[PDB]
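Asker: As a plain string of letters, each chain reads:
Number of protein chains: 2
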Amino acid sequence: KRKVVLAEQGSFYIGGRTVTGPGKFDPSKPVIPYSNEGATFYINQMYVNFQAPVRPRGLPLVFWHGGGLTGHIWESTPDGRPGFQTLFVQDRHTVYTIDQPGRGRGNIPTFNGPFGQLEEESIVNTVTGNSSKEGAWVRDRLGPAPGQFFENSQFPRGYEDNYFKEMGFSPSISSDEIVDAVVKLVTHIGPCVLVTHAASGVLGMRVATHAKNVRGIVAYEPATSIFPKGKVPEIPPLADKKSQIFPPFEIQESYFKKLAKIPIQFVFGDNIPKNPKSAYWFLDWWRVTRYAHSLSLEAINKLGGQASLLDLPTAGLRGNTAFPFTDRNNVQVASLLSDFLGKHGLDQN
Amino acid sequence: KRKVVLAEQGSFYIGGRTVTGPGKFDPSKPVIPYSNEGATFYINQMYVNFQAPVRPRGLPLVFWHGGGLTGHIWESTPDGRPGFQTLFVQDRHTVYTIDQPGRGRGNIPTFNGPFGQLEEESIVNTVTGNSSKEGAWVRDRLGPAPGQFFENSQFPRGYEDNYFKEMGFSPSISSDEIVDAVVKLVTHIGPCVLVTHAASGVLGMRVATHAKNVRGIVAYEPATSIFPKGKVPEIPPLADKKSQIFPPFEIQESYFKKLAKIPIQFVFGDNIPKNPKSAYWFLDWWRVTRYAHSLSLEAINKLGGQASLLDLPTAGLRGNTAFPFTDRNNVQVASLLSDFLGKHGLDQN
Ligand SMILES: COC(=O)c1ccccc1S(=O)(=O)NC(=O)Nc1nc(C)cc(C)n1
Ligand SMILES: COC(=O)c1ccccc1S(=O)(=O)NC(=O)Nc1nc(C)cc(C)n1
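From first to last, the protein sequence lines stand for chains B and A.
If you want the entry's author numbering, it's the position in the first sequence, counting the first as 1, plus 11.
If you want the entry's author numbering, it's the position in the second sequence, counting the first as 1, plus 11.
Just chain B, with the same shape it has in the complex:
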């Protein structure tokens, strides 16, 4: 159960670009304090870790953390149980885990000067945003309010400090450049499966439309829905009559159609309400967001697709949060992922 046998492991950087400061670099002049003079900076590169089993079977999996997270969430649960990285190497797949540009070991583009600014150019915004513990608690559906847990909870209660410590801010790197780095990784790896989460859901759908090597997608609790341009369906506002879900991403139909060529599964945990819930903003947000995803999957299927929505409670798993792959039943969640890979032959050579 904890033992893992690796034919090889390692990490590397991929993607990104360079930006430059003014002037020329003189090696005879004091190098410290650092200057933008004569400077070349590498920005927006992505960190990638890989672990390959002996005699892998089927396609490599690329695990893509959600918003404000890192590859840690696939390594271990907050209470130190094996994450999906270990579980899937044991299941004979080569496993890639990434820290996308702007997160963890990915690049945070800043220089000498106010955060994100290279002389007169704003690479990323100096003003940041970041969730609180309280905002994350309700976002991830630990309970309806901070400190509270849903009755059926699979959260590793007692490890709240570990869990919230894994979360942080993201600088304003364009989503285009985040997608670009993962497209480059997919080109490097070859045929593979993307396993996404929350904010990376929409990004992985975009990658698949740019990269035929994506042979399947499993998206845990995706945060933003995707539709063909001009064909976003009517989506209701939230129960507070004022808020809405995240504006759906729209792509050209030629690209959207590529989503119909591969198996796609969206996976949702528990405690998303059926009915409007004005007292709990994020619970209601999830209700309408899941609804929008159901319509997005239907649009894919009408174009010939193989898109499905898996509600974990319907599979007999109760109490999952928005991070089902780190919950107490994450081994059963992993079993359902293995089932999907087996159904489509993505676990065979």
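The hints are simulated quantities; they were obtained by calculation from the structure and are not laboratory data.
Keep in mind that the hints are not guaranteed to be accurate.
To be verified - Below, computed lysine-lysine pairings styled on DSS-like, alpha-carbon distance capped at 25 angstroms: (1) B:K40 <-> A:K12; (2) A:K35 <-> B:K252; (3) B:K240 <-> B:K268; (4) A:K288 <-> B:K35; (5) B:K14 <-> A:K12.
Based on these hints, arrange chain A with the ligands on the given structure of chain B.
Answerer: Only chain A with the ligands this time, still in chain B's reference frame:
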């Protein structure tokens, strides 16, 4: 051999504190855009990865990256060869790699507002500093000027982009809080050996004075020297007759004396000039910095210690950069680390 057999692996967060925004959190109100209202933020925590072999021998090793780096540098070289993590798990040690607070998967303390600012409080400075490619090239002694290599260089040429992509800024978290996180890790681990690098050199020395579990230190190319308070020896300026090395860190002699109780080795690569070199600021900086460290080690030995300076060229290894553990001969560098561990019984149970 790239193969590794792990009895267990994983990662966790340790250390840090919390800061709070004003006001109250209302779950009925829109949670996004994120707000500091009612907010608790976890700040300055550290990420820790571990890999344990089957039947470990001796003490666990804690690999601590240098300035602007992450645990990536111990995982793989820029050209994809195994890093010290793999080499030492194969050498039957449990291996811990960290991303210290402010770097990689460690926390970057920022909120909703200008970078590093929580309402009226500056947690870290909004203005950042960061080396350029050019500054890092000369800092790490790839050659005397950017784009030029020493003839004897052990750097993995052709993988320059990959190498510089691993480097980034650090927010202004106090060194006290970085040391605090590692002291807490050392308390958690038990007896262990610190393996440091550059900026982490002085920090590891400080950790040892606070944590009796540190049973040995190997420091690759440490950047800041350490002395008892009031006993900093005369250190010359640089050849430019204007610049100085990093101000040596001073600690109370009762803490400094703890450094005499454990074996300590500082390891330096090649191409550090013996004589004043005014044309090449960072080469001359290393000349005087290495000299200051020699004096520091001497001070430890005058207190009954066992502190040594290992110049890799004297051991038959030519051309090493300031990252000997990722250079082309990093297996031979690793062998010298094994030799130190074996001499001092740190590879025995
Ligand atoms: C792991 O949890 C999630 O991934 C996740 C899950 C659900 C919702 C949101 C996220 S998030 O963290 O990615 N946060 C954001 O998307 N931030 C954000 N989005 C918009 C549209 C506007 C603003 C101001 N902030
Ligand atoms: C990997 O390379 C190094 O670690 C490394 C190696 C040599 C010199 C500097 C660094 S650095 O990157 O840490 N850069 C810094 O800016 N450090 C620093 N600067 C000041 C002004 C004071 C102090 C104490 N440290």
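Asker: Against each hint, give a clear statement of whether it holds in the structure.
Answerer: For each hint, the structure was consulted:
1. B:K40 <-> A:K12: Violated, at about 44 angstroms.
2. A:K35 <-> B:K252: This hinted pair holds, its Cα atoms lying about 22 angstroms apart.
3. B:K240 <-> B:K268: OK: B:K240 and B:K268 at ~12 angstroms, within 25 angstroms.
4. A:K288 <-> B:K35: holds, 21 angstroms
5. B:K14 <-> A:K12: holds, 19 angstroms
The structure does not agree with numbered hint 1 stated previously, though it agrees with all others.
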